[PDB]
Amino acid sequence: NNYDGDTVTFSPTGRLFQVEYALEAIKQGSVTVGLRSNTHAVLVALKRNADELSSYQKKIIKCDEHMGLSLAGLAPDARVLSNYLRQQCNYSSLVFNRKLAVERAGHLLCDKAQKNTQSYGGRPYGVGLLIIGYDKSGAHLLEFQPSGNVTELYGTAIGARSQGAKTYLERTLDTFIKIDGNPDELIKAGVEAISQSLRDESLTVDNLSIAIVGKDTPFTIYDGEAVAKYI
Amino acid sequence: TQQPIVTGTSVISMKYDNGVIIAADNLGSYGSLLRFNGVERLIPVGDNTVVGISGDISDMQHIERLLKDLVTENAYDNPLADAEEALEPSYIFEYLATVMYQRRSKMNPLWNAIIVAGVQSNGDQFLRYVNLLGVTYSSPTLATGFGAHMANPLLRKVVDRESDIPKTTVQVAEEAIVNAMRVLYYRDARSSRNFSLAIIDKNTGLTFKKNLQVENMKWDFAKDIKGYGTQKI
Amino acid sequence: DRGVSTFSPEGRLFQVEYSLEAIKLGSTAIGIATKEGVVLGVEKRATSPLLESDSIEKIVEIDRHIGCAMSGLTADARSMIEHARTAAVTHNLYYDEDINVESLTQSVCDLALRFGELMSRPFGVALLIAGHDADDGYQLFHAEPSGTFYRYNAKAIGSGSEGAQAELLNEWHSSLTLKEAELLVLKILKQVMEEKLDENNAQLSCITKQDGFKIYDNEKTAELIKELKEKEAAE
Amino acid sequence: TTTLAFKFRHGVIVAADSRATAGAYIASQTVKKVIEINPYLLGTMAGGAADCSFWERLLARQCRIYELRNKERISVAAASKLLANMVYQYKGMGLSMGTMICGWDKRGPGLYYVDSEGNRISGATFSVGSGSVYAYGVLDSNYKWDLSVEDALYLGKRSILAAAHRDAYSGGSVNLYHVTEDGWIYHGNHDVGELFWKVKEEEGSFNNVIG
Amino acid sequence: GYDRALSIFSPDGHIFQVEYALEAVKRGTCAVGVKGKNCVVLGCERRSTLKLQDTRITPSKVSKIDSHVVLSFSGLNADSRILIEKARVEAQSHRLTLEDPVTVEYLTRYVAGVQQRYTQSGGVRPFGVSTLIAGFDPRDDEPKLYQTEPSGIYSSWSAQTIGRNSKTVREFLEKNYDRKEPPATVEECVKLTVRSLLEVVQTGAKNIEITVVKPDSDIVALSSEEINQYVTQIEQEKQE
Amino acid sequence: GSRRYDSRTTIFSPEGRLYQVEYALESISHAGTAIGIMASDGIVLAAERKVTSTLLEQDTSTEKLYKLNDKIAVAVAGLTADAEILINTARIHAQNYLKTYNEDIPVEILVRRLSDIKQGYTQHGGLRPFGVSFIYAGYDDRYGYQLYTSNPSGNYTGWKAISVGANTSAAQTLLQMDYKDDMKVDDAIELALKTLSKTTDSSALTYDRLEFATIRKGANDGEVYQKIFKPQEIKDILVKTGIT
Amino acid sequence: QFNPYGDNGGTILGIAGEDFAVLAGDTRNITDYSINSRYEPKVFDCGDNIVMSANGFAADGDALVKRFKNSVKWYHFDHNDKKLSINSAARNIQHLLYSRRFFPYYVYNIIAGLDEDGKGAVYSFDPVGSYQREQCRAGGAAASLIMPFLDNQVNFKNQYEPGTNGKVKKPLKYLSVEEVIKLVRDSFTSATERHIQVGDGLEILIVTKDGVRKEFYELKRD
Amino acid sequence: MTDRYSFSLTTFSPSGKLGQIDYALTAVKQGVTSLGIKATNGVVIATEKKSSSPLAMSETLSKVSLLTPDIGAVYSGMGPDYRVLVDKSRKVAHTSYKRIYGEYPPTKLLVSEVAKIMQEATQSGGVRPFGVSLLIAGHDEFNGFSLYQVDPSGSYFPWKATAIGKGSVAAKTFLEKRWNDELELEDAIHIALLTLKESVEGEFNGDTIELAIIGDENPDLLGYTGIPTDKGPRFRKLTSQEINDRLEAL
Ligand SMILES: *[C@@](C)(CO)[C@](*)(O)[C@H](Cc1ccccc1)NC(=O)[C@H](Cc1ccc(OC)cc1)NC(=O)[C@@H](C)NC(=O)CN1CCOCC1
Ligand SMILES: [Mg+2]
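Chains as they are written, first to last, in the authors' numbering: chain S, 3 to 233; chain a, 1 to 233; chain R, 1 to 117, 125 to 242; chain Y, 1 to 211; chain Q, 1 to 240; chain P, 1 to 244; chain Z, 1 to 222; chain O, 1 to 250.
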């Protein structure tokens with residue numbers, strides 16, 4: 003109300019409204035799902051178009067051979083944060099000959115987003131990210147909020163109508179975690195999860211976007227006729 | 001640009017079937033003056049790596065602190081710091097190699113020759129060299145300074161190529177290293193009798209031996225040597 | 001007052017949304033992508049008859065294989081064009097090749113959100136970036152001040168955009184020829200323009216693989232207008 | 001190197017050898033010492049190979065932006081000047097460049113000499129490189145304005161040959177260019193080994209050499 | 001440094017500071033530009049509220065940017081000096097780096113770019129100035145006349161006016177100026193420029209300034225008597 | 001943050017005016033009247049000190065008339081402290097020009113430089129403008145005797161006769177009436193004092209309430225002399241012209 | 001005084017075929033008269049069917065290769081996983097080298113792969129960025145020993161057809177991969193004999209449309 | 001962090017008033033009375049030592065301050081603002097003059113430098129004006145004795161005699177009747193004590209009054225002998241006893 007003019011101002015109940023408004027931009031964004039087993043980690047994203055003449059906005063970005071994310075909200079902010087991750091993953095390789103741990107990648111994103119919430123002039127990031135990766139401690143899935151909060155999860159979903167997919171994964175928890183050494187079945191569970199967030203529209207060939215990473219699988223993105231198999 | 005003041009001489013090392021051995025004497029020379037007699041030049045990093053350093057001792061102590069700080073920094077927000085996400089020999093080396101080359105590129109080098117010896121997660125032997133120029137190389141045997149000229153020839157008789165590594169036991173490898181250290185004591189004017197030796201085995205882990213001495217030395221034949229040519233008495 | 005980089009309660013940047021209102025007031029620009037090329041056309045909209053219309057430059061070359069049309073506060077586009085041209089030529093310097101249309105568009109859109117308290128406000132202009140490369144062929148992009156860019160088969164921006172876009176919805180198909188696309192831009196421009204369309208108050212352009220980016224002469228466009236009138240009177 | 005260029009009624013001829021040297025060792029014998037700035041502009045390379053190549057390609061990018069901004073092809077005078085000012089920043093720093101900016105613009109055919117020392121000179125006839133001194137003799141004695149394109153191409157070719165023969169650091173092959181108002185035209189690569197014997201027989205020159 | 005964003009968008013998509021800068025131009029004295037077949041004439045209003053003025057030393061309204069280009073303006077006088085200085089520096093910088101004088105179109109593009117830069121830079125307000133830039137390109141006999149404004153947009157004009165009551169004189173020019181046959185001579189061009197100012201000026205005494213620019217750097221400013229002869233002839237023909 | 005407290009000194013009003021410049025001019029209108037009159041053989045500068053006291057040390061006082069160099073002087077109207085900042089800058093500029101070209105700075109060039117500084121404070125920096133209006137009286141070999149004025153907007157104009165500060169409307173009317181082109185310095189001196197005497201808010205115009213100066217070619221042969229009048233000399237010229 | 005440069009010896013060789021390309025180099029690393037390693041790889045697979053070797057000062061060579069590999073990585077990120085052509089890589093490498101014009105990478109660099117028409121390509125660089133495409137090029141310590149041999153046996157220089165007596169040249173018949181590898185091995189075996197910095201081992205990287213293959217051969221260890 | 005107040009905090013209001021300067025002058029009005037009187041052979045400056053507590057040692061708080069050996073200062077308004085101005089005034093006398101010309105600045109030029117500092121606090125970013133009016137008395141070879149007032153705006157005026165602060169209006173009227181151009185220094189001190197008694201409520205003695213003079217050179221206060229041209233400081237602060245002696249002949 004009077005305390006939402008900038009990010010540097012707490013409200014009387016201890017709330018940061020500019021951060022909450024940035025969180026609102028994620029809810030307006032298109033749905034995206036993340037889930038993992040012990041061997042693989044999968045991202046599934048519903049891409050959005052402007053109209054029938056337009057293309058479908060890309061949702062998934064590769065960060066390294068073993069790591070990447072999907073976005074929901076302001077796409078340019080995802081480009082900035084993914085570029086930062088690319089550099090950090092790259093610094094770890096060049097200097098330490100070491101693949102960046104997914105947990106440490108989350109810690110770096112948290113700290114980068116936080117600086118934008120405590121300083122005057124700047125603004126919070128207006129995007130939510132789902133980071134997947136495979137490192138020395140196996141498969142990983144992270145959820146990033148622009149408040150700075152990063153959370154390691156078995157599965158999750160963000161964006162519009164994401165509560166439906168999140169409930170499904172909460173029921174399926176015991177099943178999909180056990181899908182080891184079977185990438186196609188893990189993707190099937192992801193495609194079935196994101197389907198719980200759909201209304202009116204359905205998953206078409208240029209609508210769906212999938213990405214996977216695992217034990218002997220580099221981070222690869224599937225679009226177009228490559229995802230027709232899963233429709 | 002500087003000049004080295006207090007210096008450490010040869011560091012020698014070699015691979016064997018299950019790991020690596022590395023050794024270095026305990027002397028800190030001040031030119032021709034054998035100034036400091038209790039200097040440790042092998043510095044362990046965790047339980048899987050030993051960094052052996054020759055050259056300027058003040059720069060060695062600086063590097064020692066960087067490595068100590070590296071361990072501290074790796075533990076930060078790292079539940080697997082003593083397991084999967086522990087520091088590897090390859091990580092430690094590449095870090096040093098990055099620092100050494102950056103420093104030479106600012107014309108302000110760390111006046112050292114470094115050998116990183118260790119065993120990786122998968123049990124593979126790691127042995128690589130880096131120096132003040134940022135020059136890096138790996139070999140079954142590695143040695144710095146005088147060791148390169150005198151120790152390598154002896155150690156290469158044991159492990160001449162990659163295929164000789166599985167055929168070489170820890171007893172044979174240690175014997176060769178200890179013999180090389182004796183030869184260096186005979187012939188290197190900036191060496192000492194006292195030295196330290198470290199073995200990093202993939203089964204038995206890190207064994208760090210201090211206060212070793214060169215023994216079984218041959219000097220008796222000196223009594224028969226008289227003059228420099230014609231003198232008989 | 002209030003921050004320039006402030007979010008609204010709905011999760012939108014106030015300034016970006018306000019710049020979009022400025023673009024709605026701008027003159028119409030239309031782009032149509034085909035397999036034979038991409039056509040770009042604009043409404044010149046001279047404020048007075050004494051204004052020499054040929055000096056109105058709302059269609060612009062970025063490289064031999066990339067063209068650009070603008071709508072909104074056209075003065076803001078000059079630094080964007082300058083950056084685009086520099087990016088295109090710089091990439092040719094570093095890589096001895098033409099730059100991808102998408103990569104060029106991405107480079108332009110990276111400037112968009114570099115505002116705060125960097126420049127003091129977002130750009131008040133939208134761009135239609137059309138071009139061709141070997142990888143993805145003939146392409147048409149719509150670059151906004153939000154930093155977002157969508158690829159389009161056909162797109163209209165400016166004051167008559169929603170009316171023109173609905174018309175492009177019905178008219179576009181994947182087998183359009185270049186000549187058909189030229190007439191289609193002229194048709195829709197004539198429909199949404201206030202004044203009567205002629206060769207002096209409207210301008211056409213295209214980008215083909217062979218000849219590259221070309222702005223059409225007023226004599227060439229005049230013939231296409233006369234060809235349009237006759238084919239509409241034909242039924 | 002030996003490079004030359006000269007203006008004449010029908011444009012400007014540009015010729016150069018192809019030898020690259022690293023002391024007494026011949027590193028290469030197939031080097032392009034002529035640079036394609038734009039379809040109406042050429043640049044020669046003499047001295048530092050890397051320096052000449054880098055700055056002239058940088059010049060070329062500068063010239064292209066010019067065309068985009070101004071809707072007009074850059075002049076030879078302005079192009080040579082951009083180079084001159086660019087290298088002048090790094091004067092005394094170790095750059096080694098001897099170049100000629102050849103082209104046709106609104107003022108007709110243009111030819112500028114530009115070096116790392118800071119000189120920028122307009123002229124009808126130039127030759128730069130270790131073998132320039134040998135080439136000048138043939139040029140000065142046979143150069144006219146009323147020269148046919150056929151005769152002009154031969155003069156520039158024969159002048160390089162003269163230098164390639166005597167200068168140890170010049171040779172390999174001859175590259176020829178002709179710049180018209182409709183743009184530059186490449187007139188081929190000519191091996192000096194074969195060209196020498198041909199010229200000797202047909203012209204009668206190089207009598208002292210046995211063949 | 002002072003970084004405050006003064007020029008910003010409003011809910012209806014307007015940058016008020018740029019629009020209020022146009023109001024400063026509306027307040028400024030009238031300026032007019034007319035190009036003939038082989039010349040361009042720049043006319044300027046001088047408000048007669050200020051008498052006891054020293055006309056020798058008072059800053060003239062038309063400024064030479066180079067020997068072949070001139071610039072007149074309407075709006076804040078102090079602001080115009082900054083643009084003119086920058087334009088003059090750029091003109092010499094262009095001669096120095098490219099060995100050719102600026103084209104009229106290039107100079108206009110530079111000045112317009114400066115004006116635009118001040119609409120999206122922190123800590124600065126827009127120039128309260130619109131300019132008329134006229135001249136002839138080097139080795140060219142085609143007349144050039146451009147206009148700029150605070151937003152940074154620019155365009156070429158057969159004839160144009162800016163400043164106070166510019167709406168009226170533009171109305172006059174739109175019906176009197178024929179594109180198919182522009183003022184063939186200098187006399188006809190000056191006469192039309194004076195006529196247009198007489199619709200607004202008040203008295204035709206020291207209130208009208210005229211500057212004729214011809215090809216090949218031939219620029220001259222008319223005197224009071226020379227202009228007064230035009231004022232006399234116009235009104236004598238009008239009495240009919 | 002800090003934005004909350006920013007007055008925004010460099011913005012346009014809806015009518016296209018600069019708020020702070022207009023308000024600075026309002027300040028200057030309450031300042032003591034300063035008059036400049038240019039004649040064929042010299043220039044006069046006259047100015048009124050504001051409600052003085054008997055205990056003010058007048059002979060060592062200077063609030064209105066300042067010397068920029070040997071050829072150029074200024075009369076001030078507004079904040080004295082602000083004026084001194086600008087005066088010292090102008091003095092430096094005149095010396096820079098002299099060092100560079102080995103010639104005394106032309107009057108207009110000095111005036112333009114100061115006026116450009118004032119302009120800068122209206123367009124950028126976020127600072128308040130200088131609440132000062134100058135009358136420049138000077139001589140050079142190009143244009144001879146010159147009178148200029150500058151105000152907080154940074155706009156400057158040339159004059160034959162001009163007033164700044166309080167009651168300029170009334171003062172300008174009186175000057176416009178009695179001024180003629182063939183006028184001389186001695187006549188201009190009389191006009192300046194008569195104009196102040198009629199426009200003053202004080203009961204009577206006395207020597208202790210005035211600062212006065214002339215720039216004359218009335219120096220031995222082809223050269224120019226600046227005369228800053230002393231209290232006793234102002235008293236004498238008041239008697240001579242028949243005011244006291 | 002500190003000398004930031006060194007000489008790690010070694011020699012490299014790139015030959016371009018009709019539909020393939022090879023990049024060979026010995027595996028010996030040295031300082032002065034000592035051997036550091038008998039097997040220290042010097043030729044690398046940089047991605048996009050490009051192989052690279054920076055010979056001379058190993059620390060600068062390793063840094064350049066490391067940077068180029070990184071340049072390839074970012075070329076994919078920034079341009080939609082587009083394949084970096086050999087001609088584009090060469091131009092990129094020029095700019096990596098000239099970015100240190102006043103503190104050069106003390107290396108002679110060679111890259112090999114396939115052009116956009118599928119034909120074999122070899123590019124040669126000087127330490128400061130001057131590059132050119134070639135059919136045959138040896139770089140490094142024993143470059144002067146090998147190049148004249150390649151001029152003779154690859155481009156058939158000073159070779160004429162018998163009977164004509166210098167009137168008709170030997171025709172430029174293309175070489176197969178098996179014929180090329182023979183010239184490579186004989187080049188290095190001959191260089192090993194007369195150059196002290198050459199020996200120990202020879203590692204060859206062959207590039208075809210199918211990918212990048214390796215071959216290793218021992219050399220004299222004296 | 002960073003100082004983000006790069007804009008003026010003092011601005012013109014519609015009426016032409018500079019609010020913060022006016023308000024600073026109001027703070028000066030509330031301040032304790034101080035005065036200055038110029039004689040033929042000297043200058044005197046005086047003020048009341050308004051002690052905040054009787055436990056406080058008022059000797060440690062110096063309202064009258066030496067700026068140079070021949071220049072002194074007193075104030076009315078905010079004490080802390082005065083203290084820092086004195087520190088800056090002392091320093092600027094060296095940096096902008098003594099280190100250049102090898103001698104101390106004349107009164108008018110030091111005043112000019114102080115005035116400049118106060119003007120800049122009236123226009124620079126993120127600062128308020130100084131809340132003090134200064135009275136600066138001094139002597140130099142070519143200008144003789146002088147007395148200057150400096151206001152928050154940066155404006156300064158030379159005075160024969162004046163007063164600032166609480167009871168300045170009444171005090172200036174008192175000084176107008178008593179002042180003439182033939183006053184000796186002792187006469188000026190006497191008038192200063194009479195004028196100051198009217199504005200003081202409580203105790204009026206050497207311990208509650210602070211008074212200094214610019215007069216004859218004091219070789220006894222120089223601290224060294226041997227250089228004829230160095231004759232000592234003209235600034236002298238009167239002692240508690242010296243004031244009380246003149247209060248008996250009051
Ligand atoms: C003649 C041959 C020498 O006087 C002529 O100036 C050539 C000009 C030239 C122009 C473009 C490309 C190649 C050559 N110059 C050279 O051959 C120079 C001479 C030179 C040697 C040493 C220098 O350092 C002070 C400066 C100039 N040679 C080089 O530049 C040499 C160092 N580089 C190359 O030969 C580059 N090649 C070598 C093979 O790998 C590909 C690049
Ligand atoms: Mg050998």
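In short, the hints are calculated from the structure, not lab data. Errors might be hidden in some of the hints.
[What the hints assert, rightly or not] Dumping the calculated DMTMM-like pairs for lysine to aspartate or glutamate here, alpha-carbon to alpha-carbon at most 25 Å: (1) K217/S - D124/a; (2) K238/R - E201/R; (3) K217/P - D54/Q; (4) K86/Q - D116/P; (5) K64/Q - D140/P; (6) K206/Q - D216/Q; (7) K220/Z - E85/a; (8) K60/S - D151/Z; (9) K138/S - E162/a; (10) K64/Q - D205/R; (11) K101/S - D222/Z; (12) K157/Z - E201/Y; (13) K69/Z - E52/R; (14) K172/O - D104/P; (15) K119/Z - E82/R; (16) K167/a - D151/Z; (17) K180/Q - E206/R.
How the hints compare with the structure:
1. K217/S - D124/a: holds (20 Å)
2. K238/R - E201/R: Within the cut-off at roughly 22 Å; holds.
3. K217/P - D54/Q: It holds: about 20 Å lies between the C-alpha atoms, which stays within 25 Å.
4. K86/Q - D116/P: The given pair, whose Cα atoms are some 13 Å apart, holds under the 25 Å limit.
5. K64/Q - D140/P: holds (23 Å)
6. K206/Q - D216/Q: violated (29 Å)
7. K220/Z - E85/a: Roughly 43 Å between the alpha carbons, so the hint for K220/Z and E85/a is violated.
8. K60/S - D151/Z: Not satisfied, since the Cα-Cα distance of roughly 53 Å exceeds 25 Å.
9. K138/S - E162/a: Answer violated: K138/S to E162/a is near 28 Å, above 25 Å.
10. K64/Q - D205/R: violated (38 Å)
11. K101/S - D222/Z: Outside the cut-off at roughly 40 Å; violated.
12. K157/Z - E201/Y: holds (22 Å)
13. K69/Z - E52/R: violated (54 Å)
14. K172/O - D104/P: Cα-Cα ~46 Å, so violated.
15. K119/Z - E82/R: With Cα atoms ~38 Å apart, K119/Z and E82/R exceed 25 Å; violated.
16. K167/a - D151/Z: violated (45 Å)
17. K180/Q - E206/R: Satisfied, since the Cα-Cα distance of roughly 17 Å is no more than 25 Å.
Checked against the numbered hints given earlier, this structure breaks hints 6, 7, 8, 9, 10, 11, 13, 14, 15, 16; the rest are met.
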